[PDB]
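Asks: Listed below are the residues making up each chain.
Protein chains: 6
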Amino acid sequence: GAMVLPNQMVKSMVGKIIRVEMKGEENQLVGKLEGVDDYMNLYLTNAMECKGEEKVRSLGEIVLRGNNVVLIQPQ
Amino acid sequence: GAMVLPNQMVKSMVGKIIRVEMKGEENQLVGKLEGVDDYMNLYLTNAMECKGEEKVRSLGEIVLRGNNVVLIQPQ
Amino acid sequence: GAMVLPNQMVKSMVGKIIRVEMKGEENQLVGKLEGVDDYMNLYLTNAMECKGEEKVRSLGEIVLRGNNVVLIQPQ
Amino acid sequence: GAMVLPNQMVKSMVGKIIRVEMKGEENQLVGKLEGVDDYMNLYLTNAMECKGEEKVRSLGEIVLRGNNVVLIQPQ
Amino acid sequence: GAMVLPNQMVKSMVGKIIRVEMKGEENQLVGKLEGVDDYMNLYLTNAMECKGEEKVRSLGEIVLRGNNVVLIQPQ
Amino acid sequence: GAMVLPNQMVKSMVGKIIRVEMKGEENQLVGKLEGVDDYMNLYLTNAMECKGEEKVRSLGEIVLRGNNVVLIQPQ
Numbered sequence: 001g002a003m004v005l006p007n008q009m010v011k012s013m014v015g016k017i018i019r020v021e022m023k024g025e026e027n028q029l030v031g032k033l034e035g036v037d038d039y040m041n042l043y044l045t046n047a048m049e050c051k052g053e054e055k056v057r058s059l060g061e062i063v064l065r066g067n068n069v070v071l072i073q074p075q
Numbered sequence: 001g002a003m004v005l006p007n008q009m010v011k012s013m014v015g016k017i018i019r020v021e022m023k024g025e026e027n028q029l030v031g032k033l034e035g036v037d038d039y040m041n042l043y044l045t046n047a048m049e050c051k052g053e054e055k056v057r058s059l060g061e062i063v064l065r066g067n068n069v070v071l072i073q074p075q
Numbered sequence: 001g002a003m004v005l006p007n008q009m010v011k012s013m014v015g016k017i018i019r020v021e022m023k024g025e026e027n028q029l030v031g032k033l034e035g036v037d038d039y040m041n042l043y044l045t046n047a048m049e050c051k052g053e054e055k056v057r058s059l060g061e062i063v064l065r066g067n068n069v070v071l072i073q074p075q
Numbered sequence: 001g002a003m004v005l006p007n008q009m010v011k012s013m014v015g016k017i018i019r020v021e022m023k024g025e026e027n028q029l030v031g032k033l034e035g036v037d038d039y040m041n042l043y044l045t046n047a048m049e050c051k052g053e054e055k056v057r058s059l060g061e062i063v064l065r066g067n068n069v070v071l072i073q074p075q
Numbered sequence: 001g002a003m004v005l006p007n008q009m010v011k012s013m014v015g016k017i018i019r020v021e022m023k024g025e026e027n028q029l030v031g032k033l034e035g036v037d038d039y040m041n042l043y044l045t046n047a048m049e050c051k052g053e054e055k056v057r058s059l060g061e062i063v064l065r066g067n068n069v070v071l072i073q074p075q
Numbered sequence: 001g002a003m004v005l006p007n008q009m010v011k012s013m014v015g016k017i018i019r020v021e022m023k024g025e026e027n028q029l030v031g032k033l034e035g036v037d038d039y040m041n042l043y044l045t046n047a048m049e050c051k052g053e054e055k056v057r058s059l060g061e062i063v064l065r066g067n068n069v070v071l072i073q074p075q
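Residue numbers (the working numbering), protein chains in the order written: chain A, 1 to 75; chain B, 1 to 75; chain C, 1 to 75; chain D, 1 to 75; chain E, 1 to 75; chain F, 1 to 75.
A portion of the hints provided could be inaccurate.
In silico DSS-like links for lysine-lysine, alpha-carbon gap of 27 Å or less [as the list claims (entries may be wrong)]:
no., chain 1, residue 1, chain 2, residue 2
1, B, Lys32, A, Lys51
2, A, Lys32, D, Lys16
3, C, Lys16, B, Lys11
4, E, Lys11, F, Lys51
5, A, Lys51, B, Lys55
6, A, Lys51, D, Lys11
7, D, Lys55, A, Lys11
8, E, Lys16, F, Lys32
9, E, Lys32, C, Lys51
10, F, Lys11, D, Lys11
11, A, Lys32, A, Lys16
12, E, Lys51, C, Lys55
13, E, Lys51, C, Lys51
14, F, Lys32, D, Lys32
15, F, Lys11, F, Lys55
16, B, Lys16, C, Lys32
17, A, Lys32, A, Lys55
18, B, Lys32, C, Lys32
19, B, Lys11, C, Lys11
20, E, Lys11, F, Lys11
21, E, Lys55, C, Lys55
22, F, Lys55, E, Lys55
23, D, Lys32, F, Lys51
24, D, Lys11, A, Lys16
25, B, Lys11, C, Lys32
26, B, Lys51, C, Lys32
27, E, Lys32, C, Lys11
28, C, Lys32, E, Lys32
29, F, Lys32, E, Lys32
30, A, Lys11, B, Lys11
31, D, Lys32, F, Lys11
32, F, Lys51, D, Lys55
33, C, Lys55, B, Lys55
34, C, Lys16, E, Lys32
35, F, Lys11, E, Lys51
No lab work stands behind these hints: they were computed from the structure.
Whenever a hint applies, use it, and build me the whole structure from the sequences.
Replies: So, in structure tokens, the structure goes:
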């Protein structure tokens, strides 16, 4: 039939708020997805470190390494 | 003789429910496989975080990074 | 002189029972190797989770991500 | 619309101070980004190991392996 | 001047006994290097699991995944 | 302006003593860099395992897997 490619899905999240779980991070990152590439490297702006709905640190602009991204969820 | 390629097997799971164990995740992810690519990145919909048959969190749409996928099992 | 390539060795295990240690798994996986690719992704059938000769969980069909495979041993 | 590629963002940080969280490191690295490549390997100069605003070790010149970089933040 | 490439060094170890430290393994692997490829996947024969000079498990034939190899040392 | 590529920096360390932190290693490796490749695999000679300025084990010749290298520092 048909299916939606992961890269297609992630690109559709550009300009929107997403939540990301990183392998080398205990808290999740929440911010606006400003850019992404085929290796799933992510560039977030207005980002913050969160533990669920609890904010723990303001980060602003950050770049996440794709091979260390575990899960991405539209917010 | 003959053999079934892993990528072939994973693609056959599209449209069906699968259980995934991630390297940077202590609980498994269960959801409908809506899309996958050659690097085994996975796009699940109607997903949930589970510990066996026990549901712990509703997630909805999520994208799993292929190099952090450990095991995939048809549900 | 001569040598046996790892990929050559793994392919020779197809159709046979193997034991696999995964980076993101504390127990080993034992099952029939039904398929493998150049990135060492593995497709096992009739698989089970074991701790040595002790069976802890029946799994059936599973796909193991190659970059998270640590060691493969013919059973 | 438009978006900023992660690699584009990281390159724009060259010549400036950045903070980096590594997967195999408990403390962050802070230093001047002197060079970077497409795999996000990083070359920092005048670097130091920090825990937030707390300096714990002087490092000087160091090269960080891209696949072990977790997060990069302009300082 | 000149230098010896890592892959060149590893290939020179073929046919000889080596000690390997794996990322997803607490004990080292010691065995005869029967084969290796450019991704540093390793095929050892007559292998054993060791903790220094202490043998803990006999393994025989095993294939080690290159990206999970940490250190290789001629024995 | 201009910048120094990480691979360029690492190659300039050939023939000199470097300190390396590995992801799957708790102690650092210190030795003479005899060879390196584009994936940052490293071949050290006269190497030793250290904890800062404290020597804990003599290693001699060792090959470090590039994707498990975390940080490299000229000694």
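Asks: Now tell me if each hint is right for this structure.
Replies: Checked hints:
| no. | hint | verdict |
| --- | --- | --- |
| 1 | B:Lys32 with A:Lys51 | holds (26 Å) |
| 2 | A:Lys32 with D:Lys16 | holds (23 Å) |
| 3 | C:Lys16 with B:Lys11 | holds (23 Å) |
| 4 | E:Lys11 with F:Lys51 | violated (30 Å) |
| 5 | A:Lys51 with B:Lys55 | holds (19 Å) |
| 6 | A:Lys51 with D:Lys11 | violated (30 Å) |
| 7 | D:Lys55 with A:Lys11 | violated (38 Å) |
| 8 | E:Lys16 with F:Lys32 | holds (23 Å) |
| 9 | E:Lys32 with C:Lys51 | holds (26 Å) |
| 10 | F:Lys11 with D:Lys11 | holds (21 Å) |
| 11 | A:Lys32 with A:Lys16 | holds (5 Å) |
| 12 | E:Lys51 with C:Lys55 | holds (26 Å) |
| 13 | E:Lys51 with C:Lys51 | holds (19 Å) |
| 14 | F:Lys32 with D:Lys32 | holds (26 Å) |
| 15 | F:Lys11 with F:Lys55 | holds (25 Å) |
| 16 | B:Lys16 with C:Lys32 | holds (23 Å) |
| 17 | A:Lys32 with A:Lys55 | holds (15 Å) |
| 18 | B:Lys32 with C:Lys32 | holds (26 Å) |
| 19 | B:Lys11 with C:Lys11 | holds (21 Å) |
| 20 | E:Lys11 with F:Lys11 | holds (21 Å) |
| 21 | E:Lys55 with C:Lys55 | holds (25 Å) |
| 22 | F:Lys55 with E:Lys55 | holds (25 Å) |
| 23 | D:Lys32 with F:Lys51 | holds (26 Å) |
| 24 | D:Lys11 with A:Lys16 | holds (23 Å) |
| 25 | B:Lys11 with C:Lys32 | holds (20 Å) |
| 26 | B:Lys51 with C:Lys32 | holds (26 Å) |
| 27 | E:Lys32 with C:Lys11 | holds (20 Å) |
| 28 | C:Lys32 with E:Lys32 | holds (26 Å) |
| 29 | F:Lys32 with E:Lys32 | holds (26 Å) |
| 30 | A:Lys11 with B:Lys11 | holds (21 Å) |
| 31 | D:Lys32 with F:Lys11 | holds (20 Å) |
| 32 | F:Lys51 with D:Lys55 | holds (19 Å) |
| 33 | C:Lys55 with B:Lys55 | holds (25 Å) |
| 34 | C:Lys16 with E:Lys32 | holds (23 Å) |
| 35 | F:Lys11 with E:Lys51 | violated (33 Å) |
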